[PDB]
Amino acid sequence: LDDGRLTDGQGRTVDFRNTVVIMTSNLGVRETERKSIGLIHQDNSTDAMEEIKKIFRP
Amino acid sequence: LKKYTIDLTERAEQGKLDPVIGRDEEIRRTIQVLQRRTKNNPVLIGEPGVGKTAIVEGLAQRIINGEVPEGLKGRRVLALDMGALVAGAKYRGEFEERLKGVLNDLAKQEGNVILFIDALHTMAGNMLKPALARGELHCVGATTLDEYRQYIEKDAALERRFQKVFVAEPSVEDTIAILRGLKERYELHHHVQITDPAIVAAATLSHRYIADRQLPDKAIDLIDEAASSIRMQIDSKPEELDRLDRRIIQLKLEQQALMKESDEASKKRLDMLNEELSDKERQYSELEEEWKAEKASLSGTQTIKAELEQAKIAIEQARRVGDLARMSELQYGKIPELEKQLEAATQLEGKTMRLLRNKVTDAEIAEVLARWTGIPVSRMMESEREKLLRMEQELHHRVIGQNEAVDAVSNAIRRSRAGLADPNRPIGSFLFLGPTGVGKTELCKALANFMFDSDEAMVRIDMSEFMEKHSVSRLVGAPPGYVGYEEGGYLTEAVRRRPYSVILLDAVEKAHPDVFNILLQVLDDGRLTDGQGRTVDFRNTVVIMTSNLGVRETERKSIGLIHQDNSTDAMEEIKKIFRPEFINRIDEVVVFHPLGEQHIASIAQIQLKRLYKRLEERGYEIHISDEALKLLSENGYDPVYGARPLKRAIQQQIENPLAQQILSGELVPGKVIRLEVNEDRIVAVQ
Amino acid sequence: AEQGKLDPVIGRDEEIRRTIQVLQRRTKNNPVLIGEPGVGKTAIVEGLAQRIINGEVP
Amino acid sequence: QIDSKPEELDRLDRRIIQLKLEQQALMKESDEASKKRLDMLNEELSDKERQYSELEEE
Ligand SMILES: Nc1ncnc2c1ncn2[C@@H]1O[C@H](COP(=O)(O)OP(=O)(O)OP(O)(O)=S)[C@@H](O)[C@H]1O
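Protein chains in written order, with the working numbering: chain C, 1 to 58; chain F, 1001 to 1686; chain U, 2001 to 2058; chain A, 3001 to 3058.
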């Protein structure tokens, strides 16, 4: 995510400079079911960002 | 004895030895070990390049200069030659025929012969044991540290016999003394001269920088390679000579182009070409005549070099064998005459040698070394104090902004490199507050590129990175003796390219107080006992520690207001959350701020400089207005992250529509773009 | 190289003078060209040999 | 230490060998009149030969 490279086993890198890493996430489902509609979007950015802060890095 | 063994009486007597310099401790230890009644097979712990074979050459200068004690005199010491023992073996098994014949005659010799095994670690293994164990011979050895550690300790009678002696690589002034003792063979073998600061700077800087190679080995690479460079380029013809040689060969070929004519009155113009040919031939003849004049000085000094080395070998052999009239004959007589007209020969090269340079100085060492390494020579021409006082200028070449950071951090680096902190500290004891993406990695690249000379030099640590207690075992990899000798440590990789590091220790306050104590051991003592327990010198490591406490008020207090206000009321928060010991550790408190209005315009236009060059290759030139980039700015200025959705709103707001407008056919290349001012969504117009 | 069946070594003079300075050394005399291949190691040897046969060699 | 010779006979032996190697150089003299000075070196040299005889007898 910083480089588009991956320092693999022998000491080389892996060429990721022109491809895309993709990740479907199973966390913010019911939070999105709570924000829509009638609840503010940045509130779900807030507390969904909070459980991300329990489980991810920013 | 004879055909496959050689007496060192006649090898040290013949003098196949390079001169040695003051090798006292190891040779006297060799004497007292060789006077033990058993385990008198001393093994020298070291590698060649400290000159272990040369230490044996000097013990042979103490046999042949008579400087050995009463114990080791009278002994008739014959050396084995396995390279002679391979001779006469055709059918399979005659080398060990002649080898056990060596066991026959050195068996009957019964103690008369001390053995020296050149390259002991040639000496198999089950058959070297019974002759020594019965006592049939007497030898001396030498091998590598690691080879020795895998050599003695296991076997019973092998650690009974083979013996430890501390022999090491010297300090500065002793390697200086070795190069002084060897400039006899250097100068009088390599057609060169050597002065004292070349030896002092060679042994000193070679001692300091390269902790890899050996002393005086790498200085032997310098004097050997560079001295032959001086001899070789002295053999070459000078520069004005071959400038004029190219000009006369072009003028002769053009004269041949002028002689073959069809129209006479147009092609008989070559008279001025002929007189210019005569003048340039005269000048080239005079300059090559000067080259032969310097070769005449080198002719006389060449034959007096030959008779000179014959003269000092004559006075030393006169010291050795002892003819009476020949000693005083040479002493008052032949050799001081060659000393006086040797001085007249040094004045002969001191007045004849104009083009070719016989004397070797540090500049040719900077030639051979400047084409060895490849690091810029101006970085050695730089001093520390000058690149401390002129740091703001080159920091204002690349990086724009951060005035109190460059000035006050420059005060911390002038204090730190000046020594105005505790010298038991790392280099930069910092504390940085502010958001991410304002140039911290860019500051590591800029300082790394200036004083560390790299666009590749930064590793960064946020506290959520932390590869764990097991990870120090991961960079030592497997313990030694397991699988993984193919890689081992990737310590060898990330520390292959960068021995130093500039580290961006993010969010120091959000870490545990155990990281206030581990990082207190970082800021104190200039070294950290890590999770494994060993410690590595942080005194060659700037400990840059960054943080993200007060984001919003720092994003406000940037334009117009003084920044010492933000630093001091930041320290009103720092005093509460830290101990006063941490405030004692760091020198000053610097807080990074997001830049001002015209400098935010500098940030957006620098992020669009990629678009200027990516597009100026393809044939598009934007002249973006301040108002279209301003709609990029205020449509980018989200107070959440700072300038981090500013790139998202530049590339997403214009450039994805600008990729649709350029890549659709609306923007024709070869024409100057001005990003105009419509409604708030921005549309490029040709 | 005397029949002319080969190709010239053009430019890159720090490398050719580098190997020649390695050659002229007495102790540690012989060279090794070392790199990840495809930089012209035998072709740098051809830089030496073409410099020798051209007569412009020091 | 039992098998060798002590220190003061080494010091006196080196200074006597040095002065008699100076004597071999000073017998073949260039100017016999201006070089009369070595008479004290001859008398003190004979004194060192007497002391050398005593110490070597010991
Ligand atoms: N700098 C260069 N100069 C000339 N040719 C080069 C260069 N770099 C790569 N090449 C090409 O790459 C090849 C590799 O160079 P070589 O002359 O074969 O040196 P090499 O690495 O010793 O290869 P060998 O002989 O198989 S070990 C050359 O034959 C050229 O086709």
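A hint or two may mislead.
Stated by the list, open to error - Simulated restraints on C-beta separations:
id: 1; chain 1: C; residue 1: 53; chain 2: F; residue 2: 1616; range: 39 to 45 Å
id: 2; chain 1: F; residue 1: 1293; chain 2: A; residue 2: 3023; range: 45 to 51 Å
id: 3; chain 1: U; residue 1: 2011; chain 2: F; residue 2: 1312; range: 36 to 42 Å
id: 4; chain 1: F; residue 1: 1668; chain 2: C; residue 2: 15; range: 32 to 38 Å
id: 5; chain 1: A; residue 1: 3044; chain 2: F; residue 2: 1341; range: 32 to 38 Å
id: 6; chain 1: A; residue 1: 3023; chain 2: F; residue 2: 1124; range: 27 to 33 Å
id: 7; chain 1: F; residue 1: 1158; chain 2: A; residue 2: 3023; range: 32 to 38 Å
id: 8; chain 1: A; residue 1: 3008; chain 2: F; residue 2: 1374; range: 21 to 27 Å
id: 9; chain 1: F; residue 1: 1131; chain 2: A; residue 2: 3001; range: 30 to 36 Å
Keep in mind the hints are simulated off the structure, nothing from the lab.
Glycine included, each C-beta is placed from N, C-alpha and C at the ideal position.
Okay, the hints, checked on the actual structure:
| no. | hint | result |
| --- | --- | --- |
| 1 | C:53 / F:1616: 39 to 45 Å | holds (43 Å) |
| 2 | F:1293 / A:3023: 45 to 51 Å | holds (46 Å) |
| 3 | U:2011 / F:1312: 36 to 42 Å | violated (47 Å) |
| 4 | F:1668 / C:15: 32 to 38 Å | holds (34 Å) |
| 5 | A:3044 / F:1341: 32 to 38 Å | holds (36 Å) |
| 6 | A:3023 / F:1124: 27 to 33 Å | violated (57 Å) |
| 7 | F:1158 / A:3023: 32 to 38 Å | violated (56 Å) |
| 8 | A:3008 / F:1374: 21 to 27 Å | violated (60 Å) |
| 9 | F:1131 / A:3001: 30 to 36 Å | holds (32 Å) |
The structure is inconsistent with the numbered hints 3, 6, 7 and 8, although it conforms to all the rest.
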